[PDB]
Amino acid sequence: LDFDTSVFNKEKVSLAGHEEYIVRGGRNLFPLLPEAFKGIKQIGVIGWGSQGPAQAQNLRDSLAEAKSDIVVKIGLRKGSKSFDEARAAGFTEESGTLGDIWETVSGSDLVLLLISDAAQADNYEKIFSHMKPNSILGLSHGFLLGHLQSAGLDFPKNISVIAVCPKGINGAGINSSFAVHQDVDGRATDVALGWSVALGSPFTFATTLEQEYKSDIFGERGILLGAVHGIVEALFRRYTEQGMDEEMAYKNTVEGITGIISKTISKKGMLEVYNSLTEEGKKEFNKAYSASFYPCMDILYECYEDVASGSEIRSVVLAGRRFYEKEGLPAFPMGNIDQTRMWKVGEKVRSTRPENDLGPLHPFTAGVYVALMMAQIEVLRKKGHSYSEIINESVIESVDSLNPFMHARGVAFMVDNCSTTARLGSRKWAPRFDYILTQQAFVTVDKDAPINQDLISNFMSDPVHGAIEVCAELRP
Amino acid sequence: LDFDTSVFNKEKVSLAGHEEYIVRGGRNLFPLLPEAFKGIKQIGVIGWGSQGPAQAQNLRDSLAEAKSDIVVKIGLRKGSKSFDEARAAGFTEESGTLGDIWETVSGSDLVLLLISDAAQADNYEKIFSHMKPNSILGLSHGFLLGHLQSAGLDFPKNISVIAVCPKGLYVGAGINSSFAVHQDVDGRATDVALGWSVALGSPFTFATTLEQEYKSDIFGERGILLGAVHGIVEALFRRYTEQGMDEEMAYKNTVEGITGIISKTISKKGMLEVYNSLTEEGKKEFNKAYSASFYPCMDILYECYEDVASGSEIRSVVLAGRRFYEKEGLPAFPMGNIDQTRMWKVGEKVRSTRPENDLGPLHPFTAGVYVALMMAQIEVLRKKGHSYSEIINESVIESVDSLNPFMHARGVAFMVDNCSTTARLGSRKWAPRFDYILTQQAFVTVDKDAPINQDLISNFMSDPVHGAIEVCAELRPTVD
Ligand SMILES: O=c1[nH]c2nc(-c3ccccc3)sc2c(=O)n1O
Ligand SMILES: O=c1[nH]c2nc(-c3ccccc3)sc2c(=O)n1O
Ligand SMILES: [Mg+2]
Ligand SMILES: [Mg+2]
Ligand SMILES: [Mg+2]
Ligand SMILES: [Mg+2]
C-alpha cells in the first residue's frame, strides 16, 4: 500500500519482511497544516459524542497553533442534548463555530461525519444532498461504505471520501489508520494526513476504507469482544463441570486472560506466555491450543465473510431498527449479558480482589486464548490485511485497551461501553464461539487426542511474533 | 391469497376467521391431469437426491394412470452415483427417460429443479439459458428466489415460475403441499402447478407465494423446527443440572418430554391441552416459564426472520457452503458434530434403558418454555403476513409430527443432520442464540421472581391459532 503526500514525509517500517509506509505526527508539523488543508475554509464536525469533542477540540486547537483562518464548526441534529457542552467547549453560534447539522454541512468544505452508524445509515441521502459539490467527506470508520456496498451503491462521485480511524511527554497520542476512498482533485491524501496529524496521531498507518470496516467490524466480533466472551463462558462451564470451585473457575478464565495473560502479551508477546509456564503447563497449553485453533478459525472465517459480503452490516442496520416498535411488533432493545451465573460469581471475586492483582495464569486457558488470537491473525492474513492492521486489531487493542475493562468490572463494562455495532456483534457471535469450543475443541481434548505439532511448531515460529515486536515499538 | 384454476376445483377453509383456498387431491382426479398439463410433452426432473426419485416415480405412475403420453425424463450428470439409481428405477437414456441435465432441460416443457440449494445458486444462469421460450420452471422450495433477490435479480421474463413444496404414503395418504405461481407468462401456470401437486399424491395443496415459502421455510428450520428447540433444551438441561437435578432426569425432563409426551399432546389436541393436562401447581410453573420466555424467544425469531427476508442469511448459506472446501489458503471447514457433548452422551444412556413407547415426563416448566417458543414463532410469522396454514405447518405440525420424533429416537444429531444442508447450517448458527437469550434473559426473569404478565397468559389462552390448529390437524395426511 502506497500513497502520495506533497506535505508530509512518510517513513518505511518492515513487518515480517513486509514494508509499510507510515507518517509520524507532531505539533512541530502544525505549521504544515494550512498547506495540507488547501482549499478548506470551514471544517464541519457533525455529531458530538465520544469523538466529536476531542476531534473538534484538537482540530481547532492545532489550527490556531498554525495561525490558520480555518473555521472549525460543529453541526448537531435537532434534538441533540449536546448543544450546551458544545458551547462549553467554545463552539458557539455567535462565533460561527456551532450550528444545525444541515446548515453546517452546507457550509463546510470538509465534513467530518462522527454521528453513529445507525444515524449514517438512516441519513446518508440527506447528507449527500446537502454537501457542497467537490467537497470532502471524512469518516472515522468505514461502516457507511459497507452499508452502501451491501446495496450495490457507492458515494456520490462529486465528493472526495477519506477516513482517519483511531486505533484505541513528547510523543503521546493515539495512532490512526487513514484511507482515501475517492479523491476528486488530488487533495484527499494531504487532508486526511493533516486531519490525523491535527488530532495528535503519533503514527498514521495506511489502509483502504474497505479493509478498515471489514477488519474493524469483524475484529470486534472476534477476539475483541465476541470471541473472548464466548471462550470465557465455555471454559467456566467446563471447569465447574470438572469440579473446580466457581470463584477459581472465574479467576482461571476472566481474571487470567484480562490480567496476567494480557499484560504478558502486551510486554513480551504471545511467545512469552507459553515460555512462562511450567513444563507441565506447556503441555496443557499445547493440548488446548492444538484443539482450539481450528474451531476458532471456523467461526472467525465465517464471521469475516459475512462482514465482507454485506450480510452482517445489513443485519446490524436491521437490528437497530428493531430497537423500536414497527410492523405491529414490539420493540426489542438490547438486553443484559452480565446477570448469569459466572458474572454474578465474578462480582464476588472482585469485591475482595486486591489492587493491581492479575489472577492465575492457567495454562489451558492460555492455550485457548492464544489459539483464538493466532486464528484471528491467520484469517486476516489470508484475507489480505496488512500486519499493522492485523496486529493493531487482534493483539494490541484487546490486551492494551479492552481487556482491562473486563478485568475492571466484568463483561458488560467491556462490551456495552463500545459502539452499538460492536455491542450487537458481541451478542450475535459470542454464543457461536462458546458452542464450537464446547462441541469440538473440548471433545478433542477429552478424546485425549495427540498434540498437533504442526500447529505448535507454526505457533512458535510464526513471523507475526516478530512483527508484534516491531509494532510494539510503534505504540504511544 | 386467491388463485384461478380451470381444471381443478378450489375449496374454502376458515382458519381463525381467515379464509384460505385449498385444492383437494386424490387418485380420483388423475383423469384431469391431461388437461392440467396441456402444452407439456416432456417433464424434466432435474436431480435425484431426496425428492427426485419420489417426484419422478409418482409423476410417471400418475400420468400412466391418466393415460397420458407425457414423458418424464430425469436430468442428471453422468458422473453422479444418482445416474445408476435412476436406471435402477427404470429411467434410461436408452428409453428417453434419462439424460444429461442440460439436454434434458432444453427439451422439457416443464422443468422440475430438484438439485441442492447450493447447486441452484451456482448454476441458475446456465439453467435459464437452456430453457425453452415460454416453458415452465418448477421449484420444490424457493431458495433460488431468495438468492436472486439478495443480488437484486429475478427470474427470466420469458418463462413461468411455479413451486410445489412438500410439507413433508402415496402407496389422506401422501404428503400435503403448498404451491405458488411466481410468474405466469401464458396462463397455464396455475393448472400445471396444481396438476403437479395432485400427481405427487398431495391429499391437500395449500396456496402460498414463492417469497413467503422460502422465508417461512428457511426461518422455520432456524426456529422451532431445529435451531430453537436445540438451543432451549441445552439451556434447560444446563439450568436443571445446575439446580441439582440428576443428569438423566434433566435429559428426560427436557428432550424426552418435548419430543415425546408434549409433542404427542400438541399433535393430538394442540397447545391448550398441554396446559390443561398440568396440575394446578404445574399450571403456575408453566405460566412462569411462558411469561419469562415469550419475548426473549421472539427477539431471536424476529432477528432471524429479518435476516432471511433481507438476503443476509441466504448469502451466508451460499458462502458457508463454499467454505466446505479449501480456498484462499485456508482450510476446509465441513460441518462438525453437534451431539458429542455432555447432555447428548447422557441422552444415549437414557435411551439404552428406555422402554418402547416411552413418552417421557411432562415437566411444566419445560412445557412453558417450549409452548412460549412455538407461540412466539407463530406471532412473528403472523405479524410478518403469512397465512395460518403456512404458519401451522411450519411451526406446529412439522415439529411435533415429523422432526421431533427423530430427536426422541436418537438425539439431536439424528434430527438436525438428516435435513438439508441449508437447514443443518441454520440449526448450528441459531441454536447458540436461543440458548444464550433464554439463559441471559428468560431465566434471569424467573430467578428474580418477576411478576407474571397476565396479558401474555390471557392472550395465550384466547389466541385464535388454537382453533385454527384444530382445523389444520383435520387436514393432515392419513389420520395423523
Ligand atoms: O466499534 C468500536 N467501538 C469501540 N469502543 C471502544 C471503547 C469505548 C469506551 C472505552 C474503551 C473502548 S473501542 C472500539 C472499537 O474498536 N470499535 O471498533
Ligand atoms: O431443509 C429441510 N430439510 C428437511 N429434511 C427433512 C428430513 C430429512 C430426513 C429425514 C426426515 C426428514 S424435513 C426438511 C425440511 O423441511 N427442510 O426445510
Ligand atoms: Mg476498531
Ligand atoms: Mg467497530
Ligand atoms: Mg422445510
Ligand atoms: Mg428448509
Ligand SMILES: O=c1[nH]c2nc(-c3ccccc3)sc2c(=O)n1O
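C-alpha atoms forming the largest set that superposes within 1.5 Å between two forms make up the rigid core. Numbering follows the first chain given and starts at 1. First, how it differs from the form solved without this ligand.
Comparing the two forms between the two forms on the rigid core, the single residue of 414, 33, 436, 46 with a CA shift of 2 Å or greater is 414.
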Second form
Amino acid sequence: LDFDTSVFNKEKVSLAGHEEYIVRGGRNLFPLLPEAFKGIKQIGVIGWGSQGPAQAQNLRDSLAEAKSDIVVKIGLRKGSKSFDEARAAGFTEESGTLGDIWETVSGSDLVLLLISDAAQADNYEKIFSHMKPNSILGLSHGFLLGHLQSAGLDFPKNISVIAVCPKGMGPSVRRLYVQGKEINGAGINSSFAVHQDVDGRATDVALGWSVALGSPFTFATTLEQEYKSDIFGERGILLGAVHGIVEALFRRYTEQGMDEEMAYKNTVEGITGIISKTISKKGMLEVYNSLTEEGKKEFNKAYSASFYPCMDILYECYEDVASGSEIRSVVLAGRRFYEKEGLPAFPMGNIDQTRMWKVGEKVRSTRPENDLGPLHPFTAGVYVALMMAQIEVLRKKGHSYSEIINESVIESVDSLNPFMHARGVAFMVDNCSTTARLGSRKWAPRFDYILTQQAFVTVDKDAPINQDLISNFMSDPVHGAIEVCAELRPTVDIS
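The form solved without this ligand, contrasted with the form deposited with this ligand bound above:
Here we give the lone chain, stripped of any partners or molecules.
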C-alpha cells in the first residue's frame, strides 16, 4: 500500500519481511501544516462527545503553533447538551468558533464528522447536501463507509473522503498531545486512509490532520480495512471475546471448586493486569516463558484446545462484518432503542449484576495498590490462543501487520485492558460506544459457548497436545513484528 505526499517525508518499516510506509510526526513538522492544508480556511468539527473536544483542541493548538489563519469551528446539533462545555473551552459564537451543525458544515472546507455511528447513519444525506462541492469529509472511523456499502451506495462523487483513526481514547488524544509539548514522541498514533480524492489535495490534508492531532506515527490503511478491523476487533479480543472467555473460565474454575474471588483474580484480574503488562513489555512468548515447567504444560493444554474454537467464532464474525450483515444488524438495533411498529423500546441493559461481576466489585474494593493479579497458566493459554487466532484471521483476510498489531495487540493491552483493570470489564460493556456495546453483547455469548462446548471438552477428554499449533505459536513471525511495532509506540503510557 503506497501513497503520494508532496509535503511530508515517507519512512519505511519492515514487519515479518513486509514493508510498509509511515509518516513520523512531531512538533517540528507544524510549519508544514499551512502547505498540507492548502485550500482550507475553515475546519468544521461536527460533534462533541469523546473525540470532538480532543481533536478540536489539538488542531486549534497546532494551527496556532503553525501561525495558520485556519479557523477550527465546532458544529453541534440543536439538541446538544454540550454548548456550554464547548464555550468553556473557548469555542464560541462570538469568536466564530462554535455554531449549529448545518451552518458549520456549510462554511467548512474540511468537515470532521465525529458524531455517533447511529447519528451518521441517520444524517449522512443531509451532511452531504450541506457540503461545499470539492470539499473534504474526514472520518475517524469507517462505519459510514460500511453502512453505505451494505446498502449498495457510496459517497457523493463531488467530495474527497479521508480518515484519520487515533489508536487511543479521546481523553488520551488530548492528554498526550499536551505532554508532547514537553516530551518528544508523546501523542496517540493514528492510521490514515484516502477513500476518494477529487482534486489531488486529499492525502496531504489527511496527513496534515494526523500530524496536527499530535500522532507520533501515522500508519497507512484503507477505509474498508479500518472499519472491518475495528468492528470485528471489538467483537473479538478487544471486548466481546474477553468477556465471553472470562465468563466461561470463571464458571469452569468455580465448578472445579475454586473460591469465587480467586476465580475472578485468576481470570479477569490476570488477563487485564499481569498478562497484559507482560505482553505490552515483552510480547506473548514471554507470557509462556515466565511460567513454571508445570505451568507451561497447562498453558499448552489450554492453547491447543482453545485456538480453533476461538478462530471458528472470529472467522464467522469477520465475514459477517465484511459482508454487510453485521453493520446492518447494528443499524437496525439502534432503531429498536425506540418504539416503532407498535412494539416497545429496547435500550441496552447492564451486565454488571450477574454472579462474577458482583464478585469483581468485592475483589477490586479490597485490592492492594498496583496489584496486577496472578498469572494463571490455563487462563494465559486461552487468552494467548484467542490473540493468535485473531491475528491469523486478520492475516488471511489481507490486513497489514501494522494494523493487525496496532489495533489487535497494542491498543488492547495498552489502552483498553488497563482501563478494564481499573473499572472491570462490566464497566466497559456497559459504557463503551454503542456499536462496540452491541457487538460485545452479541458475540461474548458465542465465545463462552464455544469454549465451554469444545475447548473445555477437549481438555476434559485428556486430548493430546496439538504440536502443530504449539510449534506454530512459538515460531510465528508476528512475535518479531510485535517487537518492531512496539518500538513505534508513544513515549509515555497511553492508558
